[PDB]
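Given next, in structure tokens, is a single chain: the form deposited in one PDB entry.
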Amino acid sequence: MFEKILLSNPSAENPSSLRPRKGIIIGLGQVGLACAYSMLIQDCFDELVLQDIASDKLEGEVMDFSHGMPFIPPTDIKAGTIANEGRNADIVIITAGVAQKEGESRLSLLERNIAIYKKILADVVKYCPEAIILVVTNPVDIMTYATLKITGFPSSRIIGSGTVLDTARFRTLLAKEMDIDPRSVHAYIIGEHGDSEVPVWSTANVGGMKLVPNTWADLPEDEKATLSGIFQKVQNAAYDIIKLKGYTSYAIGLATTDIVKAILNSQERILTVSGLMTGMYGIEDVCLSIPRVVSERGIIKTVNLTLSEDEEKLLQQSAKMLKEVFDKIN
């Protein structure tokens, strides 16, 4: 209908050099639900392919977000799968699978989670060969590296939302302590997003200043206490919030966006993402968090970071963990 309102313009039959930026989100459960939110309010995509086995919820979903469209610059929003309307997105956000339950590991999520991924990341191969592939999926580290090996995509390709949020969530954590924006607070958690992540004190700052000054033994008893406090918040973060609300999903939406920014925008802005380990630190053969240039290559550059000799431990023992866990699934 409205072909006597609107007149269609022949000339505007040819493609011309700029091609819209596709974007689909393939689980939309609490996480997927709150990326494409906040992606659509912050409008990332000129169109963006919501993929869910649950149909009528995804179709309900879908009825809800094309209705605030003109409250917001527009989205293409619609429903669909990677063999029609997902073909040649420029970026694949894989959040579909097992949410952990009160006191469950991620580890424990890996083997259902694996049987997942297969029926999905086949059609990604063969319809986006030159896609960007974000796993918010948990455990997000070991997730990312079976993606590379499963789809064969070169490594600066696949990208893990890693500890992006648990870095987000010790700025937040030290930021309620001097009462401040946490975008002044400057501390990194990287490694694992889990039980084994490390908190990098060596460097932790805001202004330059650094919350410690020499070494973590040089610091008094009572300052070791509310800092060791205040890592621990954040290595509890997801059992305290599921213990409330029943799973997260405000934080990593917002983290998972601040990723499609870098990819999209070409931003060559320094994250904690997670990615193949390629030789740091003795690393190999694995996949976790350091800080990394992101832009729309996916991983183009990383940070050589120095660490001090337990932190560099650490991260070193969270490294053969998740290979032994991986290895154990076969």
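If you superpose the two forms and keep the largest set of C-alpha atoms that fall within 1.5 Å, you have the rigid core. Residue numbers count along the first chain shown, from 1. Compared with the form deposited in another entry:
- Among the candidates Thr75, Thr257, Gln100, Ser249, the CA atom that moves 2 angstroms or more between the two forms after core superposition belongs to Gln100 alone.
- Annotation: Cα of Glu309 displaced by less than 2 Å between the two forms, core superposition.
- Once the cores line up, the CA of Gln235 ends up 2 angstroms or more apart between the two forms.
- Relative to the superposed core, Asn214 undergoes a Cα shift of 2 Å or more between the two forms.
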The other form holds:
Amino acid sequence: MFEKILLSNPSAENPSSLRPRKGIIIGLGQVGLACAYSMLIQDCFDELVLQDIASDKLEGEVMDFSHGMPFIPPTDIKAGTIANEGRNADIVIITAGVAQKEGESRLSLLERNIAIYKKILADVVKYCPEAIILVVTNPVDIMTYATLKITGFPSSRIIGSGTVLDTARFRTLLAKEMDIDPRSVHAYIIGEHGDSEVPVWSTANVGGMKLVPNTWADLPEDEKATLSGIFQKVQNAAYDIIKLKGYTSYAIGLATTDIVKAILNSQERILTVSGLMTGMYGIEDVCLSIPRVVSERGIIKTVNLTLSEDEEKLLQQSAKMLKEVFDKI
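So that was the form deposited in one PDB entry. Now I'd like the form deposited in another entry, please.
No partners, no molecules, just the chain.
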């Protein structure tokens, strides 16, 4: 019908059946919904699958997303599962998890979320063998290492959100202090995501210049107070979001979207994602956040940072405690 409006051309060939850039978000709580809303507005995928337990809410959220799509670039948003709608997805973003019950042990919450991952990752290994797994569930360093051991995927394709969020705020706050384009600053926050993450002051760089030209002790007193207050501001912000709101959703959603951009657009961009440590600083068999080149096939290269003696000791201490916690599980 409608041939009186638009007359079809008989010589026109059928459109190509191109493979869509395809993602799936597992766990559609506040974090997963924030990721979905951002990735839809920023047009990350051609097809986006949302997987959670069958409820009217999940379907209502999907229909809410679908009804607003005309205002943004198109995306085939839908509810589904890995084994069905989500087969051969390019990126699998896992935000699924459960909240710590009243009086529950930290090891008990880990074993509960790890059990949740084992059921999830079994479908990912079977139906998304070539996919990159982006882990967001906390603690992200433990869950990223568990995902690596459960899946058996190449370590390059098991990626955790890590300290990407705090590093970006660290970079932006430092550039704001100096009235300069934030893309001119290379300052990394590495290690275990949380209160023990390490700012790499020794290699912090602004447009080629070292923020610490010699050693930290040689810096003027006012610069040491200003630089230390900037990193403290980053840690205060992450803590206060959990204290005032209970959790982060919008910030981690934007950081997760940014990681997806580097992967899908093959940007070869430096990101402090969480990933397997393989020999650097004598650290093995654990996941930490280190600046890495991220592209279509995941973690392609690692920035071979030379840490100061104090910075490296903090990193190896975090690696020791993370290996101990995982051995207890």
